[PDB]
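One chain is shown next in structure tokens, namely the form deposited without (5S)-5-amino-3-OXO-hexanoic acid (KMH).
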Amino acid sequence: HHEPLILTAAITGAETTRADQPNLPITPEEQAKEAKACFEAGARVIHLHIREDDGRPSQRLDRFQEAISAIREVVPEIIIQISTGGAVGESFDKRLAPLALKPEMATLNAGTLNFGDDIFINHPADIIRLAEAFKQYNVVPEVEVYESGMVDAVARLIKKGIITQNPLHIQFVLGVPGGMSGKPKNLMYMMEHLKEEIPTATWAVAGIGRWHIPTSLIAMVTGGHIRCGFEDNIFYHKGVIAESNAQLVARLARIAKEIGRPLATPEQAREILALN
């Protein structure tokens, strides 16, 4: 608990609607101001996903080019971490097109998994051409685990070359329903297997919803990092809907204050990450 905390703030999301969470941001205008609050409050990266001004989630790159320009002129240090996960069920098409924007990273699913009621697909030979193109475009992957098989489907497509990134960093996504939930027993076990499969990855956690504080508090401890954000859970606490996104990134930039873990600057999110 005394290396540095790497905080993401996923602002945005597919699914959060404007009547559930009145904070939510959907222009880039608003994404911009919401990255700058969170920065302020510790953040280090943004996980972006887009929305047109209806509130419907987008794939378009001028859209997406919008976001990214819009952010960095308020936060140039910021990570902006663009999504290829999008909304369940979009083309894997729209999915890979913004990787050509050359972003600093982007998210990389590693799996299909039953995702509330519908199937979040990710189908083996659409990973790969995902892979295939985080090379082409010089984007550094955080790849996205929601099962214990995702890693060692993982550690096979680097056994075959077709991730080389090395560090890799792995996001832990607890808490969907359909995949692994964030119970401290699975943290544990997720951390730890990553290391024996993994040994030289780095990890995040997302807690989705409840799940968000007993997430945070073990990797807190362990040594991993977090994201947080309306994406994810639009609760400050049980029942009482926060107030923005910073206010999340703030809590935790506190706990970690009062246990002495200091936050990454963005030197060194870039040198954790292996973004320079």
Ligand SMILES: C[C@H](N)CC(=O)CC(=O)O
The other form holds:
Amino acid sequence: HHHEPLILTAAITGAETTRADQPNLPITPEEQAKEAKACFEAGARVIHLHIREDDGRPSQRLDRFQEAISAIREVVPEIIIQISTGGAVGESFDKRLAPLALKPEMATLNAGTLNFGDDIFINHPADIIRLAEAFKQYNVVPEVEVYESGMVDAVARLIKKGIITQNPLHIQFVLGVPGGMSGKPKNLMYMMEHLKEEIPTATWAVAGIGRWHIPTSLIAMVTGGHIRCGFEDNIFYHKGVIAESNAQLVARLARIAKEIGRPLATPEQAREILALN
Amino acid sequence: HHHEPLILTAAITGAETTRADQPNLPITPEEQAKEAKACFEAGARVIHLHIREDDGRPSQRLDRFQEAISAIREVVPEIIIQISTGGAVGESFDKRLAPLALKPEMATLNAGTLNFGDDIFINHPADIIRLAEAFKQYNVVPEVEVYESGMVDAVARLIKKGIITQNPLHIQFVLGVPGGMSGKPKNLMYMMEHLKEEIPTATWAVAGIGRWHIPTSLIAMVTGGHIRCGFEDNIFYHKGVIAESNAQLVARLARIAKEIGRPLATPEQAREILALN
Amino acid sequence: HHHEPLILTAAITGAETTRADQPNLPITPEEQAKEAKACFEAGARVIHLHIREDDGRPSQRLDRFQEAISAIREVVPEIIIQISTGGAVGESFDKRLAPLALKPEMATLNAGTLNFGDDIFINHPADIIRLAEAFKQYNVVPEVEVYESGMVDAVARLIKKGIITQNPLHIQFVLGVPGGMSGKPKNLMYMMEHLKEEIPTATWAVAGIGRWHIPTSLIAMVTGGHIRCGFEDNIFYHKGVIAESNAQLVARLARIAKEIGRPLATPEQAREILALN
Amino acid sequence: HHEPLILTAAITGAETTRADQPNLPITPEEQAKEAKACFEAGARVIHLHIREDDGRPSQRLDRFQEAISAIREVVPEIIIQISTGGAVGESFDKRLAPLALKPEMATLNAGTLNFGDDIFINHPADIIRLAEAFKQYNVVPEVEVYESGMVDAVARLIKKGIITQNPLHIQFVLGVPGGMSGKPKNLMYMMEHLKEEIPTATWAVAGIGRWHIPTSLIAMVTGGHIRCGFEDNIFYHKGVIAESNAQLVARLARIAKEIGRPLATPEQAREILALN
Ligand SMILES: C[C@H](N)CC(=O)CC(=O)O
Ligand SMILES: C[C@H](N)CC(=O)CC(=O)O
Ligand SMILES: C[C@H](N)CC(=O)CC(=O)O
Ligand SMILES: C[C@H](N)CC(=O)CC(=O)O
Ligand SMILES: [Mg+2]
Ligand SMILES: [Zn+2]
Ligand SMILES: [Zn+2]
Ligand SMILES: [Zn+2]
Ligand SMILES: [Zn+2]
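The form deposited without (5S)-5-amino-3-OXO-hexanoic acid (KMH) done, now the form deposited with (5S)-5-amino-3-OXO-hexanoic acid (KMH) bound:
In what comes next, the whole complex appears, and the chain from above leads the way.
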């Protein structure tokens, strides 16, 4: 339904994107804060946050996460800061889990292992359980990341076992990873229906990597889904035309939502939908 | 694919819409010409044409069709004028077929019978064959209208029997009629896949009646489909806000196509895709 | 789920099938009673009944329907006798409605109009309402016949208007009619999912005409659906091999259900599922 | 439901235990006896894992040769497909080496996934190494797919010329805890997804545990081929342990006979799977 409020998430930095490809990539807490302000003004209500060292290397340092979180909340106190527990491929699970200790409002929870480009993004079943238990210990709301159909079933089993008790649960379909399910329209339609069958009360969002950004976004617009965009997932505005800011990508989605009459969620509505109150 | 040229059709008048509900409805040839020019400038490449008497009653008069066609050609000679052979529900089949004698570039060919609101839109199998023979007699390219899954199979059988020889064939999915298949995303995805299985070389467009205009349009945008809009099908710009003009509906679709980088077909490209050149 | 009880319906005679193609076709009430007993023993719990005159002509005579109903009830009182309100294409709606006055446990209710072979099977919206009101008047439970996606929506609107109050409602997908939706696996999967979305509490069965009998039956077996078989819909046991009787077609489905461990509904369970108690 | 049906019997596997399934064939002679009964019941392919006498999964070349020779002797016409999957946690080097035995066919796992409490690892560089060995040893692969994304990954290996097999045989392995389930919606989605991404590919389905019956009956009427057996499912009915792999094969053959779908002859199975 294209009248339910739309939540836009900006995945502004990520762990893979470089300035070789996207020179406008925000790397420092100050750059991330400036980008978060422009994204919030463009319509984003959530920042999906990865941090980097000054040299651009991915980081898991708690004091660096605090620096970025502080800089963003000082410029836009209303935005929801969602910490990544995914980090860079190959990072140790202990370093990935530890920032839950900063007690953010929300953080991601990756629901399975998959080949990821030339490497493997590992989420051992015992570590998924350890992380789900840590979400309860640190009192953080999860965004559950799903890259394949089978990950929805795996999450439904963790719900049945009482390991994931978050209700309503927010699921993010991450489509277009080389090794994961693509963002073709048939796949997004299949995933939302599959999720409705297996976890009927779950809410959902979609992140369309690269070329899949536009097809996933426009389908989510008219099916009641929420949308993630940003340099972490896609650096192009048009084929061969880099976007000049994460805010440009957010603003296009907000303009399309305005065209079709789908309202953007207020910060209050975004916290209500995602059960962050 | 959202890189293939987009053909926008404006169904500007129709047989059911009234001036009482939509005061901006073009009824006279002069009003239809003014609307067609504004629609073409907004991005439309096809006008789906029904005619009316000055009092708003649906008409099948050949002089009135000639007047509307000439008035539109006078101000926008590049637009494709597609005559309706559907007309008003209950109209005699003889009166529905006769305007093909005007040798338009294109005309609609309804592929089956269905309950339509409180009445029945009748297309007897023998009359569908008579109409297909008249299209060939007057060298008119059809737009085959389908309202249900079974109409695709019925068209595939007419192709197998050598009754429909148009190649490539252009199919329009008309979704949202009370009595026909709705325009929900699941249905449009099903129909394009069903059509690919049964008539692999067919091209397609979608008309989303009323509330289905936005979901059908945005799915067609990113799946390579073409789109029909207009007062015949939908009088609202937003929920509860009746639109200013057909051009206002066309312009929104053109702006969304520009946002996502899907080019609008030139008149030459539209004629090539629809095999009118 | 392939463990919920399976209801088998035998459509033993119909209005189209001839003795010239199928010499085992039961035509008289005595032949229909003998067939119904053999079908019940093979696993059928419902008889879908059309009647014929002694010369094989389709009939709508109430005395002839009473004779067939009484003959079947005398030899197999546990079977559910479902009378057809569809009859032969082109029959008057008054003659089609009249047998509801015999107060059968169940009867079919055709939910829309469609081209049917070279003719049109007409179900005017006002007549569908008249029929649905007559079902309630005579305390007859309907089996709602749907041939296309749009007919599910039309039934959902009759439920919303309080015209169809039957809860749970039993829908039968009639697939493979020339002019209607085919019985290909994609279509049956689409229809059960479409029905779950639009009428969530409805139960369903499938009738796969001719070549579609086996694909529809095996999909329904493992998706919790119920199945109709019989000479009305298909006269062949294998491609080009005429069946010996309706009981032969029923027995195969019962054997497949036994193989996979799906229990056959007892007469008591069939009446509970179809809300005939 | 008229195109010939190929039935594969996955008779042993690496996970199933004798305690849960006392009829589990473990030794080459037990595997040969089972393969003969399966062939007579309608199987045209044996999906083979080997075990040591103590039931532990094995990768020993002499043990694979013993099992292959024993099966070959009792049923020469059956297609022996060796597993390159082996047991979860087995080294990739040990998993690849049996291709040197030049079997008629072997499995090629197309991706990594969580698998029960562990992870079934197929590193992208190892998938490439394995696909290259298939070409060098002139072995026809059966490509194992557990998720939608693995179809796309296989399409990319075809584009890169790493997989040159044409037509390519894909097996959907559905119902693994961690992988895509075998519900009817999923099998319908996968066959359509495969037709879109690899149009000339043929396919089979393996429905683990509770998914055996739904996957089998959908494949029966959609032209797909079917895998059954103790590796994937030990029950004949819910809570009723199966008596042999041949019992599971025979049920599928009886259902195929009921609906008039012919079973592939050994010659037809080799033609469809391009083993000639
Ligand atoms: C492998 C990806 N960099 C992990 C990721 O970005 C998902 C998350 O943020 O939780
Ligand atoms: C019954 C419909 N008003 C006929 C119609 O509008 C379709 C067409 O133009 O061909
Ligand atoms: C026109 C159809 N032969 C009528 C029919 O057989 C459907 C029903 O029984 O309700
Ligand atoms: C993890 C499974 N035991 C590996 C397997 O059985 C797949 C194959 O045979 O190629
Ligand atoms: Mg005049
Ligand atoms: Zn991330
Ligand atoms: Zn029209
Ligand atoms: Zn009938
Ligand atoms: Zn295996």
